[PDB]
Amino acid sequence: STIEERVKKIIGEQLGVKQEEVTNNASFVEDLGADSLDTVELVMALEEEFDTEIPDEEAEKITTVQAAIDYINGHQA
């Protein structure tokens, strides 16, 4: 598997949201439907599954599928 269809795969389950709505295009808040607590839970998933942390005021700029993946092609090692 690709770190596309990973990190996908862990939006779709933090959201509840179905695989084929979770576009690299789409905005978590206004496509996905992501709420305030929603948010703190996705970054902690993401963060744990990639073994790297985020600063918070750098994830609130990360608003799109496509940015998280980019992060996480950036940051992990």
Given for the second form:
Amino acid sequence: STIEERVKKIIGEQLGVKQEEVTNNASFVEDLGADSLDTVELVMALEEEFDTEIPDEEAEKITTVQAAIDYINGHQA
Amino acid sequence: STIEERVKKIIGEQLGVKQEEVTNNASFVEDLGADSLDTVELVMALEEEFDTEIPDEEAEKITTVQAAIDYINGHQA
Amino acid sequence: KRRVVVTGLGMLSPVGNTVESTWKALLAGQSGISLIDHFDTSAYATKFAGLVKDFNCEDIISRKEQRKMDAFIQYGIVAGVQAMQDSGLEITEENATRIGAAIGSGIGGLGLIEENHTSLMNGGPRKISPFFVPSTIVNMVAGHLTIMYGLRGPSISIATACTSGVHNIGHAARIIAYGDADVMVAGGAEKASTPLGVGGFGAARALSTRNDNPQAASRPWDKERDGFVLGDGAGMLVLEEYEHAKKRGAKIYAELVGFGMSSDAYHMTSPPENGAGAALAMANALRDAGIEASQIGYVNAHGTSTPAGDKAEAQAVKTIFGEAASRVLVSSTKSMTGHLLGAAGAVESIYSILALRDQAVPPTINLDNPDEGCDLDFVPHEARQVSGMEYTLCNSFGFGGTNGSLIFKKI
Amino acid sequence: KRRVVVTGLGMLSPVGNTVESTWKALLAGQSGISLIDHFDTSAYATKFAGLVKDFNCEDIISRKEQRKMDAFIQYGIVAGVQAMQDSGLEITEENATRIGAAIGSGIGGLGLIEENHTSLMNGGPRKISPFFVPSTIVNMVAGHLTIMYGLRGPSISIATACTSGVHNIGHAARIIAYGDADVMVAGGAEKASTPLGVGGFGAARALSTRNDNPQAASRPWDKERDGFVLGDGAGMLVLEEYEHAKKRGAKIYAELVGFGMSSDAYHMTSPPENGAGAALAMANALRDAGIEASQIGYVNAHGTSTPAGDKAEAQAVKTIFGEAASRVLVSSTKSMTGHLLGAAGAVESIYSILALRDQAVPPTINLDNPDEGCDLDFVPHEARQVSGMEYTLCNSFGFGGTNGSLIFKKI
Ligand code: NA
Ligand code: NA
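Output the form solved in complex with the partner chain next; the form deposited without the partner chain has already been displayed.
Below is the entire complex, every chain and molecule, led by the chain shown above.
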């Protein structure tokens, strides 16, 4: 359905926010009320959704919605 | 190693008795100090040891060492 | 001496999602046992349980937070919120350090234990959810409830298998009477109707296998009983020091006057016979309350519908009551709800309290033919109306484990 | 008022399989952390833990009965037998109803939970062992110990995660002081160093990942700390009413004079800051013992070597002690043993007692560079000799959960 809609949807379900609030510049902790374990569970959901392994050193750099969009985009090749 | 030695060994390990005491006429509860859950675990060990399924209606009839010997013998065919 | 009263009730049970709806269904003799359908029971010897129907906690627990909770945690939170709302207690910064909890469970979060271990064996430890531990351990019902209401007083979690319900309630009263708290929310929660649960208790040959008629499977003291029936749910009580409750004009259901404990000192595979452990816990509760056994009007029995345990319980009632054994009313609400395990003592304490309020006793349904030596008034089939009842006794017995007894007094 | 004394000690720890061997190793600053080898840790971010080495219980528990017990149950039984043997208590039919237990655990039988669920997913429910439930639930340590010694008094099992140790010991003293028992064996046991355990706590990012140097990973209040280290073991104490112990000429290690409880009312993902919950539990223990904080000579801290929790604990000690904060000795034996979770409070109560007997304080090893604001005397590197110490304080803090504090008095 495009990966951005899929990524934004995953973030929406994980953090319990409407898709209206899942903006590209949104910070998981600062804007969407996620704690440190919420972001861990969120990265796991991205892995299971796209059948890709995200190294935890790269997972820590996924702080915003745009970051998760960029990672799943540039790792399907 | 013959199934009788294998069966007698399984009974010996399960009920914590030396192979000297695992006689053919020995009753699990009356002679070898097994409670009702010990005999259940023992029948499970016989199943896993011989890769055979023992219906629980037939498992209840396995009360002595000779009974377990007879069942594993006449069900390898 | 600081007295302890009950000022709030909350409950989720196989026969209702509130206290009053459950109490109405039990007095009507309604069964809450049905066939399991949330997992394939084709390979399971027991295919039925006492399930919480139509459970919707979205107004209390968001979907995001539900995923961090096993079903037994969701049940205890909902029942805890009901009890807190029923108490009308206003938590401030001043009294927060004087309010705590005593909430336990017998088996805990089997469902999410199964799920996290399945992910582990399929994808290694990187598939385990970070919320695995806090979603499964039995103490997280109190953990969430203390956070939701800002409770800072003493909080414990007693996990003593089928006696966790009365132990948590009884030691909540001990904490209040000792002076460490003025209010405590106590009880238990359980959701063992899972593959590991039904399979685990079924492996121990403890469960009834009457799959052809589940509503008649739980038959305490009946000659055709063949094991207990699993039941899910949660029971919560708000315990409060008497003068504290009176000053704030609280509603007062009953007073907790006695709490007794004992141990059996034998395995469940050994004969219980006369149930000396059960009698010892009841005697300690009577001594703690300072009343004679003849003053007890109703006894909410353990009565799990197991062959040996039911008979041993009837003997323990005969020992304690003696001459008055023929007059006291005994009944097992597990005949309708099933065995709620760690929450059984909690929901059954609520029944013993409501029995005082309404002067009515719920029945032991499915008691078609009592066993030899089970000649007590077990209130079979239909509920009993009583009058002038001042004391009720709530029992949780291990018959191979610990025992707990609570005595409640009207007003 | 009934006073409660300690008359028996038993312990299994990563640095010794007896009380005295552990106490000697801790005073020598010996680490008990090593690499895990009983399962493949290649895919695990944390590959080390505080393990019980050279464990042999065949003289106490037969191989047949061991298969019905998770490793944490075997540990608690062995430690319980040691404590019972150390007490020299002679159980008769007369005093059996006055002897009980209060033994808990934080996570329980993970090992046999994993094994039974693996059999389930591979062969259905008919592969679950009939002993699955009694081999995994946290209350079975007390269950076995009561049966082994014929104990019939009150028995409970408090499971409050990292604070189970002090809660079980503290409420055992409450049960004795209330009058429901004269002797209680209390403590906890843990064996979480399993795939689900190391993976579960590792999924929550709680564990240190210093696989290149495990003996330096647990460094409470050090600037390079990165999480706690798992530790297995069990600690058991025989608590006894004072006059009961004196009449039988019992050996008396110390008197339990204070027990305090509190709740944090916030999740572990939220900042603890000043640790108001930890301070509240310590203040309740001081009020319960009726002593000032300046009379405490040594504080066995929680000190799990976590970044936020360690700093919040130092602030709570500053709040309680105030002027005397610069003089009191604080130390985390978790720097050597690791975090024994539900058993941490139990083994650390034994350390606080032995600190009174020998007038020596074990160190906080690996404290190379303390953090800003961690300017307390944490007894770094080597043990401290003291004199005239009358009171010690044993703390278990949740920093997102419950808290427990115990105060012991010499003789
Ligand atoms: Na009952
Ligand atoms: Na400590």
